[PDB]
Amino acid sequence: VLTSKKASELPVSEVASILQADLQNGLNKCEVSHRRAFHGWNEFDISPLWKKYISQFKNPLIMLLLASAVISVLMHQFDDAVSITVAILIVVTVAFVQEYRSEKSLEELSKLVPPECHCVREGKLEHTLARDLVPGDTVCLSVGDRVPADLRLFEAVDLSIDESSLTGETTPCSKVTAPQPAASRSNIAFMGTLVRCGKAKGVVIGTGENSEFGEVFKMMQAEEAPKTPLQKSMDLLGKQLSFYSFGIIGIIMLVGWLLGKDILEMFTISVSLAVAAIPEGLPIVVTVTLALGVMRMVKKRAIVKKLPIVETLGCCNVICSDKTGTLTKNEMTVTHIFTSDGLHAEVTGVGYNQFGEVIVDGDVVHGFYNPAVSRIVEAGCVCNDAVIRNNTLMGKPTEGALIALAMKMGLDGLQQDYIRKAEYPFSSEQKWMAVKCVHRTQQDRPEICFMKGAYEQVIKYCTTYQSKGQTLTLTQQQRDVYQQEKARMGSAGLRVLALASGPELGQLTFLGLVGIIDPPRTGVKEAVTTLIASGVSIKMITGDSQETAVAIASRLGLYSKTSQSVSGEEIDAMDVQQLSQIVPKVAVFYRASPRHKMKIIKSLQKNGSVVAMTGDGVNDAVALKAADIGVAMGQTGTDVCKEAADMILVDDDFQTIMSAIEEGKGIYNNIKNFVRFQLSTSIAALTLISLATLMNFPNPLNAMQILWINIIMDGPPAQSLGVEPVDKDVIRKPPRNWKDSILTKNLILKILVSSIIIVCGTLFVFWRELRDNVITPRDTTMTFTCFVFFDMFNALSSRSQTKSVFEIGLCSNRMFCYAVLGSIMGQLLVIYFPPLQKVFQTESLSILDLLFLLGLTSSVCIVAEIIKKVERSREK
């Protein structure tokens, strides 16, 4: 394998000889297998499991728990340190297991959308994985292709390849196939970059770690992800709650020291309270909910590249899709030709093949029989950068349709008959592309410039037209009839292109129009209907004509009989405020460049909406990045979009977007359930100890009982609320506001109700057992079991904010059931197991005592259920 520098200095023939690369046919099966035996695959070795495990310990709240455990160790309290450590381990282990499951499910799904490229091996071009490439293989680069390996380019008709991912310069760099003597490798196409424009062909000069810039990719694989905005918000909320609780515990410290109490016991109980009130499971339950959401969309065939989409899919209301590649299957075909002379040709046959005959008044046309159609097809063929190799398109679908037309009429070969010295390439802003050329056989002729594009931009440059093989000055009547034909073609759904040829730009001859049918994608009508029925708006943003976009949108259904459509030039004319007013009304935007698409995206975002742009094509990647959610197609998506996208639809269905939005809704409710449960029982414990200290009663709970309660309210019993299934009614709710607003006033009121009930009942039992003025171990055991059963019933109420418990069923959430069973078993063992009675300072209770405590603890669940029925009746 050669280095990039050596391959750059070495000419094409020497590099081919060194690698034994057959440029025109490529490597056969045996040679590829033999080279794979030595060099192996193109994978960058292997990807930090223990590093991932230790990463979770860096959270601020886990660090606070570790600090509390260290304080317990130094001021030696073995049992407290062990309990706090076990709490840390169980919560961090739950987080690690869920993260591992989510990441492995994502990897399994991404295996179904692997990196790929076009490779000619047996003289037949094939779609093969970049993994399978071996040195010396022939690789063909198209527009919007990821370079599968370092390539020695021996063909570059036109080529702009961005180097932002490797170099850092966003400007595309043009490539020249000639050798370069001595980032500046103008002829080498490095691994992993993206081809902005044109076509090329090269021989791979490296595999695996031999790539010149593989270290940046190794860093990208290890770059990790910044925390989600919800994750940052909940880190902030956890810090706020912990600091409020720390202030409260400081007040308890001062009261206990001033009134007079054992200072060591005060320190231990305050450490247990601080560990309890710290919501250690809040970032963990957030991460668990996000992970489970990721697995839920992976089950729906949606590769979620970036985690912050999961918080955002529940808020989505507007989808700014594209006509070409997203709402249409992108299998274009030229079907109708209107010549400048007025003659009309019906092209038949479908797909990118030469099998199809152009019919002109019922008479088949081949070669140069009809000069007008022949020049139309010649300008179509010469001006493209697309090739049909072995019935597989490489370039753009519209260019592919033009090539298929040329092969159908038998004029494909003219593409080899012209030398493209100068090229004005296609850009979405320009809406046209032109190439200057000189005939190979007859160099004496002038530099004929072929041109194609949209009608308006093309005809602006044209100053002449064809009539019976004669060039005549263009007139307004000719423009009017051509415009009428364009409008009717677009009303038929045919995508229209205008073709021209002449000397120099601005002096061209208008040859005719071509009607490209691109049928709508199957199943998108039903998906669009379900999306509007589910309170989700859809907008068609395009660079195409009004008639084509409106006809296709009316076919799909997002453009009803009475709907508004706005041009891009209008959007330029309108101000920002007027644009914000009118944007929700418009159903179909047309002739909108990528700048106008970004303008519309930013306007819809300015209206408080969460925009999910489902795009395709090289120039629309910036708009995908601009949108809140950038969706891409799986089986019909360029690597530029899939790299720039944020979600990928593996099976290419719009129903996947509705499914993902459905899965993204319920994370908010589950996290609210955890927040209410943990905050309510922590406030209960804090208030109980505060009342015990202030009124000088004995503390109803000691340090280890509070630590067990902390394990309950932050361990599996509370983390199972994050696993709770999502009901159907929340899906019917409109999109969640982008503002978090987790601590809702209703949530705080229910929290205070639960805390007050818990404190009242627990203090009632404590006073009832303490009436005899003897602080028995039975008193502490009764109070502790009362609080723990209170906590379990609080969790049972906390499973759902609105939906009743009985309708859900006790077995609906199996993790919650197992956690509650384990909590009850641990409670009984603490009551009965004589070592655990010694460590927790408890005494065995009678059966009737447990029955009375269970009856008392039913009160909080009954009150919560009655409250739920009250709001359910009020809402109706």
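Positions refer to the first chain, counted from 1. The term rigid core refers to the maximal set of C-alpha atoms that superpose within 1.5 Å between the two forms. Compared with the form deposited in another entry:
Considering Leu749, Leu258, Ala573, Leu89, one residue stands apart with a C-alpha shift of at least 2 Å between these two forms following superposition on the core, and it is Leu258. A movement of the C-alpha atom of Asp772 reaching 2 angstroms or beyond is seen between these two forms when the two forms are aligned on their rigid core. If you fit the rigid core between these two forms, you'll see the Cα of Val364 move by 2 angstroms or more.
What does the same protein look like in the form deposited in another entry, given that the last one was the form deposited in one PDB entry?
Here you get just the chain by itself.
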């Protein structure tokens, strides 16, 4: 291996010599295996579970429970502090299990999309994992490529390679293949940077930890994850609930002390109530729902790189897509040639190969048989930076189609017969690409310039055109017939490139047009239909012509018979507010630069929407980052996009974006279920103790009974409600608004109904057993079992807000069944098992008492089912 500054200093042949690097053909299988045995794989060694377990204790509510347990052991109450500790342990353990499983499934899916590169080893260019690179191997750099290892570039026809990840400067750096005598390495392609423009070939000088900038990646792995917005808003909700409960419980302590009661019993009851009503399981249930959504998208094949996406996908309503790479498979092919004179050539065959003849007037043309078709093909061949090596394209698909056309014409060799002194490279702002070239053998020939691009810019740069091999000044009737043919090509679905060639820019000769057919991606039509039917709008932001964009959108189904399409120049002309009004009506945006695409994304974000931009292409990373949800394509996608994206579709399907929206929808509903259950039962217990202190009645519950209740209503029975599956009715619902608004008037009203029924039934049992005016253990036992059975019925009815219990079914939620079974068993143990009787201050009951308690406590289930049916019938 060599240092990068050394490899910059020494010449290319020297660097090839030290690594025994064959620049033309690469390292064979044995040459690599040897360097793999010596140097090893390219991975950054091995990337802590106990750190995660302790990190789950960073939640403030867990600290509030730990402080209560510390206060418990101060005034020693072993049983209370132990109970609070078990509560913390089960909630933290369930959060650990869910987070660990989610992150391991995410790592496996990330293994399903490995880093890759184009490496030539046996003289043949192959797709080889960046992990498998050994030093001295020959790697070919395309456009939009992450550099697989530290490389020594020995061929750089044109190269712009950003350095924002490594250096911190967003400006791309040009790389020249000349040796650099004595960050500033203008010849070394670093590790982890991205190729913005051009083609290259290099030899790798480092593998593994040998990379100079491996440390910024070391920091990137250990960057950690900031708290999710929901995780900040449900944390604030938990603090609000905790502080309201603190005020109420302090008032209860003061009332109980003033009215006359045991200070130790009052303090223990206050500590148990504080532990109860603090939503310790609320951040845990948010974490569980986010992790479960992450795994559910992983089963849907979507690499969710960022956690704040999982919730945001529920709120997504507008999806802005790109024609090429996203709505079309990007398998371009030039099929129709329109010569400037008016002749028409039909290029048969498909794919990036030289297989398929060009037919003009029913006759095959080869070489320079027709000089004008040959001139079009020659300009297309020379102008590209894309190469079809071993039947595999490197560069852009639109350039590769022109290369394959040249190979079909027998004229692929003209690329190497010219010397590209100056290059005006493609930018989406430009919409054209030009090259200055001189013929090899004919050095006396002038610096002829080849040009290709969008018809508008090309025809603007041409002052002359060609006619029967004669240069003629451009005429407006010819411009009109070219415009008609370009529009007719686009209306058939052909992407159209116009081609020019001449001495000096601004004086080129317009040779003609080529029609690149890009079929729309299979499965996009049906997914678009479903996506629109589910209340999500799909738009087509593009840089291509109106005719092509509209033809593709009509075939996909997002452009109806009466639909609006707006060019990017109008969007530039219209203000942001006018764009904001018009933008929900426009389905197709054509001729939009990445600045215009960002303008469209900003204008839909200003309307109050969550935009999910799906992107492909090097310049489309800024819009993917600017979107609320950047979505990339795992298989047919550049690494530039997949780095900037937020969710990566592994199998390249638009149905996955719907599934990611459905899973994001379900998370908020599950959190609503937890919130309603915990709040109803905590208000029930809190007002029971409040009424008991106010009316001077004996306390229906002691401190350890409230601690068992807290383990019930924040532990596995309450977490089960956050594991509750999603129903179909909320699936087709209009998109959730991006504000949280978790506690709605309907939810609080049902909470108060459940709290009122629980308090009423439990106080009725308490008074019924207290009618004899004797405070026997049996009475407190009946009251405690009443509250616990009320809790299990409130949990049966808290699973779904709208759907009835019987329609949902008991077998639907397995964790809920296990949790309620364990809670019933624990309650039976507290009633019957004599040591548990001694600690909980209980006494055994008859079977008839349990039957009566079940019958009474069914009231919350009955009333909740009644309200569900009433709301359903009112909706119907």
